[PDB]
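The residues making up each chain are set out below.
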Amino acid sequence: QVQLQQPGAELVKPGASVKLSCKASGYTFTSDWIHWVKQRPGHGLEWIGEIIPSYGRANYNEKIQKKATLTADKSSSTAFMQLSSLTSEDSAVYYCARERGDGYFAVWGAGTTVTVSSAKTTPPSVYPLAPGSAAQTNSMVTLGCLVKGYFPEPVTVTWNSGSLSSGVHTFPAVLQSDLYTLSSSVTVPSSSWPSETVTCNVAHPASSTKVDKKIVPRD
Amino acid sequence: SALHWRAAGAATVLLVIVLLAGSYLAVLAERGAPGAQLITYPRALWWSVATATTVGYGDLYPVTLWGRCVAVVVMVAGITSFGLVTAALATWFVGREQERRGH
Amino acid sequence: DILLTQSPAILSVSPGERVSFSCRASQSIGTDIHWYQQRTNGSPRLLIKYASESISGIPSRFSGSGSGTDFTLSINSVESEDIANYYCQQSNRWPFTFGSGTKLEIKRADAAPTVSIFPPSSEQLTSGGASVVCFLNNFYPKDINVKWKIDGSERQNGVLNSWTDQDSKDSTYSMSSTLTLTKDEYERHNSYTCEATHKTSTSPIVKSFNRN
Ligand SMILES: CCCCCCCCCO
Ligand SMILES: [K+]
Ligand SMILES: [K+]
Ligand SMILES: [K+]
Ligand SMILES: [K+]
Ligand SMILES: [K+]
Ligand SMILES: [K+]
Ligand SMILES: [K+]
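Protein chains in written order, with our numbering: chain A, 646 to 864; chain B, 13 to 115; chain C, 259 to 470.
Calculated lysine to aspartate or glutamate pairs in the EDC-like style (CA-CA distance at most 16 Å, straight line): (1) A/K708 with C/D259; (2) C/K361 with C/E339; (3) C/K405 with C/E453; (4) A/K859 with C/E381; (5) A/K858 with C/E381; (6) C/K400 with C/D425; (7) C/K361 with C/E337; (8) A/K765 with A/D823; (9) A/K858 with A/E841.
If you're looking for bench data, these hints aren't it; they were derived computationally from the structure.
Produce the entire structure from the sequences given, and follow the hints as far as they go.
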């Protein structure tokens, strides 16, 4: 089961600060270290710093400027990273991982997408996407749903709540006027539809909202 | 069982503790110091055995002040342990010879 | 700090082939290096530790070689699920660091795109919006051109495209073209066409629909 849990996202205003979390489970020792890694879209992995909960001592990367402060909480097995005075350069996915003290990150979290913007949270608008009554078909049918008008990223999109995977494309969002927009597409055998309902689930952590949307044919 | 045979034993137990605690403390003291090598538990434990037996290997040594202080405790515990075994073996031999002479 | 150099940044190999990523340290680090796999949108996954020790739950197609300053991450019979970014990381000296990474890219047989045009949803129009979406799925090579025509004439303004990195299921590519209009703008036009020009066909694959 999932060893490290981090908040899908966090929005912060340029100049402001933010404390990210990372709680654990499974095997945990007094010798374990929790690390933090920064990844800017399209870039590689960047070590930020480490901390050992059962003592509270932490070390940070000195080559880059120190926008962080690490702290932990023994009881709830939760580690925190205090990022302050953020600029756009601080926007990225921040992972936390666990190291048994032998040098390698055995288990990582899903990471927390952080966006430093003046703009404000905007839940996603989801509109179905079914073929046109004029378009024929063959052994397979292609449907999908449109997520749009939201801020910030990211957004998780599943089909039938994850039970449906084979044949799914979730295109990369695009920014145009402080708002994102993307479409995901599913492809089931023409038969199964719609005699076997198909739904697209959309979660948007920045606003704590997860909407559903069954995909049915046009009238 | 004689005292000396106990201190010998006791010392051996204590040495094993210092080695482990040492491997552990070394890493804590060392992570954070640029270029440090004593920074994973296993390595430090071998570094620990080496130091306790007074053996050096390159630059596989602590670079921080506390790292070194730890190094000192490990060396001393190791030299005190082995010299104590040495003393115990010397009491055993000095006692048997007293018997051999029916003294 | 130990510098990790992964070159080339991108590796193009054909399906089933063997592949080898290299990681070079700025100095000797014994075997204190570990590899990580990261697929698109996922988080890093530990593939190999200490240069050649196998992790549990990893296909036996993955192996590691090296020591000192030269290291190799190999994959036998490469496949779609292997398409990702590979990173090395060292634990010889403080601080730990990572290499710049290497992208795996598989070259498969050409595949014409499946296209689908979608008329704005009723729920959408109801709120003053109108988006004509179109999907070019599973094509290859990734180079593709999409065209929008409104009532016979070519259109552009309002169109926003999106591409996906090679797919980790079949090694194909897919694109999303979204031409947005206002209800009105939409309420006053008959048909909308989506044209996909692709290397596999001299003639473009077209899908259309009229608002009637
Ligand atoms: C006798 C030396 C003291 C024991 C080592 C303490 C290390 C503390 C960590 O910084
Ligand atoms: K000696
Ligand atoms: K020596
Ligand atoms: K010596
Ligand atoms: K020596
Ligand atoms: K030497
Ligand atoms: K001696
Ligand atoms: K006497």
